[PDB]
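Listed next as structure tokens is one chain, alone, in the form deposited without the partner chain.
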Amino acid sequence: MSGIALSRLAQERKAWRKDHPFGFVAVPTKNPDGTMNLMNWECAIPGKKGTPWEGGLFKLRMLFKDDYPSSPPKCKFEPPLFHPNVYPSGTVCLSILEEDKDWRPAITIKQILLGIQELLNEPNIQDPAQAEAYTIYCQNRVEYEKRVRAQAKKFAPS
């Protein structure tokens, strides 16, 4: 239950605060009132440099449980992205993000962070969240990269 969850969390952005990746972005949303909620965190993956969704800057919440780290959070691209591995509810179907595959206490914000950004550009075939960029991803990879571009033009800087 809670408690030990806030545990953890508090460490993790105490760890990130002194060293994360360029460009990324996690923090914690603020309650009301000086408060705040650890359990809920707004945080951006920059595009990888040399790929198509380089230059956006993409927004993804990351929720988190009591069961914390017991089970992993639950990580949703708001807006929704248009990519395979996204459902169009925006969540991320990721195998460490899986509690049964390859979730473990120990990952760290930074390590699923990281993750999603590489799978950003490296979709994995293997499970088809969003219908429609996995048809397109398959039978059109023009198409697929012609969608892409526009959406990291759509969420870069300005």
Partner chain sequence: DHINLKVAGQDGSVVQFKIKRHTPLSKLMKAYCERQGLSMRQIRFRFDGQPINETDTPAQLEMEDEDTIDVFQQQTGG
Given for the second form:
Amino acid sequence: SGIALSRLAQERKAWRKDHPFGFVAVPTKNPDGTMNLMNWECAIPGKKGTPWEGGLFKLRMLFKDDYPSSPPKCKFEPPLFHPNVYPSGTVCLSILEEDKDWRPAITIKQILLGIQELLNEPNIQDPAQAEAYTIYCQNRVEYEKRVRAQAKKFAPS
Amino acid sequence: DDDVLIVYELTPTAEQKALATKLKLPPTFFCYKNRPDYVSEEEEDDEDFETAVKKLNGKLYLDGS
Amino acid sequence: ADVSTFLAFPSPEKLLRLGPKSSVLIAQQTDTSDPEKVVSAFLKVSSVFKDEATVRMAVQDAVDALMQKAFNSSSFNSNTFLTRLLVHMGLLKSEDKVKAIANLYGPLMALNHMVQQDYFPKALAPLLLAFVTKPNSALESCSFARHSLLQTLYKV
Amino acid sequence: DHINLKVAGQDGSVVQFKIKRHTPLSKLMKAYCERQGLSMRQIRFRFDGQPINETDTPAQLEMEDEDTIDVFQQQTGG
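Which structure goes with the form solved in complex with the partner chain, now that we have seen the form deposited without the partner chain?
The complete assembly is shown below, putting the previous chain first.
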């Protein structure tokens, strides 16, 4: 698609004007000083009212030129404790897979929003990591205890 | 003689619609340009990630505004 | 030399013909800093498991050999190994594509022995437990191995 | 017994219904789905952070003229 760079351009433009409170999406810099629109540094706030509240979670978004026929890859930096996050930090979510739920009209905005949603609504049937699945299934109170300590750890300022 | 009706929907201009279409974006995507407070300019964006995070001043959520 | 030829095409025959020293020959042959390589070794061995004492002990010993030489290295991450094991056993998904395997009988039997071994990193137990418990068609396709392993894991 | 309702999607669509307080929301959802061209099981609706029902009426849900409903595209972790 010729439209990847041009669309990322407009997405960034739009974001600066109108975006969800608490969130950060910043394209990184090519060494010649231009923005690299295939690589963005993002931050997702834990949801208020949830054990995720208070933390701010860094996430990198990698695109390719087939965007948006294909979704970007999204990695938590550093890797997060969560049933649907890989050890690599890769977020595993149906709207990020080219065929299940991914559609070209889905925007970065919705992606971040969606990844935010996945924090407190994990899918335990198909975990992406052993560590978090184990605890969640074993003692759910201990699981939340870990999630809270992770929020504190990634609390900003 | 019926009950439920759509009286309104957010609609873009023909030029805004075409752009979204070209870019495979939602039709409403550029409707922010139609706001009164919208300035057709923004400055050249140099602004790094670390700065944006700092700019939050640790306030993630909302309140009495 | 011929140890190499066994690994590419594992059989209970080939394994025994390596003679009395086989466990060490294996343990030396493989890169024990690399969990993925240790995993690949471990499965290849466990595959040829039979319940008859000669092959059983010739497997159990070879596993003990390999695994004691890994867990003692600081250069070895147990969690990565366990994770990579689970993925190859098909119990856990991965970003990469793996050819998964029909029978878990051997791996399960091997694991059953490895766990009650002293050298085993006990902190790994609950994890392993969670994925042995988790529904899997293949796990179901040997119920007895599964159940006797579960029973071992409860005892820790 | 004639009120307005804004339905607001994650894509920033805004679809405003006029509707009567005794009328069950199932029709509205249907109409919205149809207008937005998406399946009703694939999408969820929420008031004040809380889910809404086929049965539910603005009466029950204590709805106001300029008020707003939120739509959520289904998704699942893997």
